[PDB]
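The lines below spell out each chain.
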Amino acid sequence: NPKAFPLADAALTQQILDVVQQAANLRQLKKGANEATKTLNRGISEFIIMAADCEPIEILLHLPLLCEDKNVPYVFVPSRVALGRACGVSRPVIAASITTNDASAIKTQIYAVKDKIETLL
Amino acid sequence: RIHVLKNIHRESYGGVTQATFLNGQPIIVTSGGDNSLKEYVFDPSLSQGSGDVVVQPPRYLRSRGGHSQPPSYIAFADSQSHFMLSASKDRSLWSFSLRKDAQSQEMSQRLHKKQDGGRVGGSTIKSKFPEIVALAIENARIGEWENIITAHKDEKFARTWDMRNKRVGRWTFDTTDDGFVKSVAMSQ
Amino acid sequence: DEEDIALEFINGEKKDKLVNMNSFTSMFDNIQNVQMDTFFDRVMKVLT
Amino acid sequence: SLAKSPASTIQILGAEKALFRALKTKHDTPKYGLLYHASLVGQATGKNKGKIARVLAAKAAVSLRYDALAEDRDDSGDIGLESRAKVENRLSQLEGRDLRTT
Amino acid sequence: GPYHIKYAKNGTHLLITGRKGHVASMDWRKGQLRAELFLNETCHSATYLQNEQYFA
Amino acid sequence: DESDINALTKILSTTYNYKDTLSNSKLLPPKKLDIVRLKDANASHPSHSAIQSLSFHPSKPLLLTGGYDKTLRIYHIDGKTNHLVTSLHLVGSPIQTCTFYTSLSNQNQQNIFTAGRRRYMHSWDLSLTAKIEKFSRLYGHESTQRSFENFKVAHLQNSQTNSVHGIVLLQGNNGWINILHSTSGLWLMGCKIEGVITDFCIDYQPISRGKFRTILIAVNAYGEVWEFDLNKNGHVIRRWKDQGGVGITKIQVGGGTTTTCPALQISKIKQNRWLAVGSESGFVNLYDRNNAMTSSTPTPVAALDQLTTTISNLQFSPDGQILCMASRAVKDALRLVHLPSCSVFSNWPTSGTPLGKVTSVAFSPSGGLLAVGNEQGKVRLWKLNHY
Amino acid sequence: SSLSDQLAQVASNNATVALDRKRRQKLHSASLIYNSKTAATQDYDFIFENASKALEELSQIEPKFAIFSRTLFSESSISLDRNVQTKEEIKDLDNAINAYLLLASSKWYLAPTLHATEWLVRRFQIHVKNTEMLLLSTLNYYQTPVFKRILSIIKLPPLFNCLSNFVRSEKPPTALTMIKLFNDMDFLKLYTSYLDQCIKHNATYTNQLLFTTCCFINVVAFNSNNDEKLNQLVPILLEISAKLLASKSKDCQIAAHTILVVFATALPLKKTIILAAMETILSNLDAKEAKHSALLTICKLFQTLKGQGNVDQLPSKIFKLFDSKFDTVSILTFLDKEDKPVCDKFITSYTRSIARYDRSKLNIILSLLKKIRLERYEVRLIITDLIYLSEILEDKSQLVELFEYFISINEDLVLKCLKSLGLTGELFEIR
Amino acid sequence: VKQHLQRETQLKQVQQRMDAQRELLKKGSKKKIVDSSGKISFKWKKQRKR
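First to last, the protein sequences are chains A, B, C, D, E, F, G and H. In this text, residue positions in the first sequence follow full-length UniProt numbering: the first is 5, and each later residue adds one. In this text, residue positions in the second sequence follow full-length UniProt numbering: the first is 283, and each later residue adds one. In this text, residue positions in the third sequence follow full-length UniProt numbering: the first is 849, and each later residue adds one. In this text, residue positions in the fourth sequence follow full-length UniProt numbering: the first is 308, and each later residue adds one. In this text, residue positions in the fifth sequence follow full-length UniProt numbering: the first is 112, and each later residue adds one. Residues 180 to 183, 205 to 328, 336 to 594 (full-length UniProt numbering) are what the sixth sequence spells out, left to right. In this text, residue positions in the seventh sequence follow full-length UniProt numbering: the first is 2, and each later residue adds one. In this text, residue positions in the eighth sequence follow full-length UniProt numbering: the first is 201, and each later residue adds one.
Keep in mind that the hints were calculated from the coordinates and are not lab data. Where hints are given, some of them may not hold.
Said to hold, decoys possible - Rough simulated footprint, nothing fancy, chain F against chain G, three-plus residues with beta-carbon under 8 Å: (1) 180–186; (2) 232–240; (3) 277–287; (4) 339–353.
Here a beta-carbon is modelled for each residue, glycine too, at the ideal position from N, C-alpha and C.
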């Protein structure tokens, strides 16, 4: 889809979905677009992953509009099916917010992936 | 075609050998070569207006029976000479009455529950125990606990039974040396 | 070569839809005054 | 500003005083809000009007942010109509069940 | 036991007594019984008095 | 009343059974299996470890089990009394994959290749003392192959002579698959995929009378699949992507000759129909290669989701009508999915099947017969009565 | 048994006799129009005269109610009491009531039938005497207040047991309750006898056929996971399919087509049962929508057929019958449809029956197997019997151009069948 | 403004502990992971939701 800005390549999307899988094991992600926007409102999201695969993409491209207000990083991955597999549910997942923590085991991996995200903004 | 009662008697012993309706009655008496005589009854129809088109299938009513194979072991259940335990090659333990043949009853093989709460093994398609080599009944504590101890063909444990309940018991005694049970006894 | 003929016979088998418990539960809503041939093709859409 | 709100907000959107008193003391929040007067919630009956207030707010968030954020939108009711078909057959499948035992 | 029968003087109610103990007053033509009492000593006979409302 | 368009009424009034009888079926009925339990195969001689790999013989009634107790056992299997043929304990070498290889030229070699987390791989030559050899030289390529754990054995044709020979294929560190000769151990070629190599499988396709072609199918962790033609130099012919799937653990083909249903004769080599890519979430995509060799973003015919933890075995029955998903992570995680219908059999396994923690699985090439090895050290054995 | 049980039996026998004023009020307040306080004060003359008005309206809508005005709605029936005549007069008027009910089952959406059967409810007590036929006749209308009304005043039969939580309730019975009602076997035998009387007296209407077919295919769907229940269920629904195919209605014929197609895709039936089913389908095929459904039904019933013997030549009688109902243009056109039905095994059996039984129409089999694509075993059996056709009769241009098609695609396969039987140079010398 | 900031960060921490407890008592397999200090965490089994 053309209007899904920054889209990740294969290596970045592989490490994005790896940190999504370990955040899902640590119960540190909110899966789903409404839960992602709730974490955006409350300011407890590290970065937002979205799927450039939903057949209306306009059900997504509104949380960019309040990501750029709270300067939280956001990124697109090409498959909602693969995002749902990574989040560890049985359904496709359209968006997922990795929530904030300061005692987290995967804090360094979250920070590395979010720096690689904000390089391409 | 109203209904089919399948395997009403054994094919190997002749199938259903004589079946007859008692006349004027919805009950039919069958008998087969497997030493068995059954009755089946037709209940009245479940539809209160149609009836003739909704025919309830025949259900089972009383039956008498014995061993279908010659018995392999024999014991007397008590000192009064009233009941006698009798095991056959068709893998059934009957308790036959010497006083009144209606009191003859097959000892049931419906197993109890496991004592700890684990699962019991065995096949899902339940078959009868291997045919009985030996048995020993001692009704000093009868009704209290297990009462008959029996030993089957080419298997390494001896089952118990309760003559009061007329059913199997909770215990199967192992031999603990990977050998088949050649004899059983029990104290008085 | 009868094993090869049997393998091509089991190889020429196509994926079909099986009946579930609830493959036909949502027909009562639209059996109202539709025609029976429309019901037949609505069933055949479920079967295929 | 309505499109960038989550579907739970669109559910409870009218009932703010009941919501915030039921949050500022630890009570049970409302479930209907301004969306109670939709025709689908009118068709529902029982606790499943709370249930389809929830699914109606979810599909209404979908359709609403499509309408506000689309650029090649056609003013023809397509996304709203497929969302309404989803809500209608969901309402069918939870009005078909019954808590009685037959 | 053997049941001594008795009807009310209009035929609406039936009063049966078993020899053993079973006395039942009933509306035999509806399916309404209004007394079924098991008086475990040997009863012999019964009758209504002026009604189905009292029986001896 | 009466003495003696009615065709249906007459055929119903004569028939008593209404389904296909015994052998006029020839392909499996869905949703209800027919699977009896036999004697547990390693019940005669117990295993001292979790049974890590398991393979039947291509022709003989032999089952080879092997695990981390660094011994490998062969069992003559039948119904009643699965006895132990022979048993070889390799000291200091725990085994992880063990395979019966049998060549296509004379079908008289009968090697067993076995390997674990070591820099060597043993090869026992079956002779009924025991002559085994050890492969420990990557011929210049030792840096990219630090453990011989994940190997697979396959057939390869010279393609200027009609001379076949076995290859073993070792999965190495970077993306590497090191293919080497199964008799001389010479490094033939290597195929590198881009990512974390997780699994691979071998497909064959016939070309003419007596010529076939070997294809290596290797999967990234991310989900992108390379197919290498390796009867020529190991060059890529196709590169596609798994739809969905993010943590990919196991690929398998089936419906023709796999490495686990091997062809005894070179004219009996078949093209595989099905390809299952099983993942870390328990999702198994299923592709139908009668049409999904052209698309380059092919869609699966179904994505199975029935068991919820990491797919560690998935094997196709030799006819290619059952796939067996299995997970070594929780207990009793095994399903047999019927295909082409892509529907899981609902009557087996039940809650009382003693599957255990399923850490290996194997299908018989002829008898229609499952062996399922669990972490307690027990191979349980079942017979599918369709075969 | 006990005395209270035997007295409950005599109460159920004497349910309709009013033995005092209170039972007469409780028994006469059961109306289908009015509430209890009006219905208890009404007379027989009042309800008779407006029921006779409504029967005149119902009779000018549909003129088969005039004989019910002659007997069941006459003025001798004001004084006719039901429980005073013998069993033979009772069975006479109860098949009169059954005739009225299965005639007026279709009319239940218009108030003259409500005001007319009001008099059967209040004079002849058909809500408690003739109650099974009343429920079975108005079963289609279960989302409607008229079925709510008959459930409120009905005394429920023992086969209709699952509606017992929807009597005197404000909510209608649901569709899952209707499938649970139909899921019984004795209820299925009862409903198939009801349909047999409907088909016999020619009263099957399309709303009934839709409801009946929906509940039947939901019964098959519910029992799709236990083969013993499906096998109990086969000679009931295939018998009612035969009795629906043995009538004249196109609607009931395609209702039977729906039942047959769902049942054959639910379980693999026998080959001979499928062939006799297609014989019963073709033996009364007269409509056009019935022809559309019949071709789709025969295609799916041959598709769901496995084993050795799926794609034989269908025999001479059934093939020439299928020819007389469906000629070449119909089969070729239906295959040329862009929706692509799955007609593989049936079309293979059809072309093999042409090659064994027609031997003139081979250009058409070239055109139709040019149209649709088949499998390897299908075209292998086709070219094997074409090889046998070449060896029995002299090989002209139609068989030659068929082998040119089988050379232009998959020539390796026709080489494999010639090498399994014959030779390629010998066959080219043949043709 | 500074004490608004202190109140907000204390409320964030107590809601974070409350949310971890609520997340912990839902379902799934988990183990108690202990660090160097004694700050315990709960690591959940890699198993997706049925």
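**Request:** Give me the numbers of the hints this structure contradicts, sorted from smallest to largest.
**Result:** 1, 4
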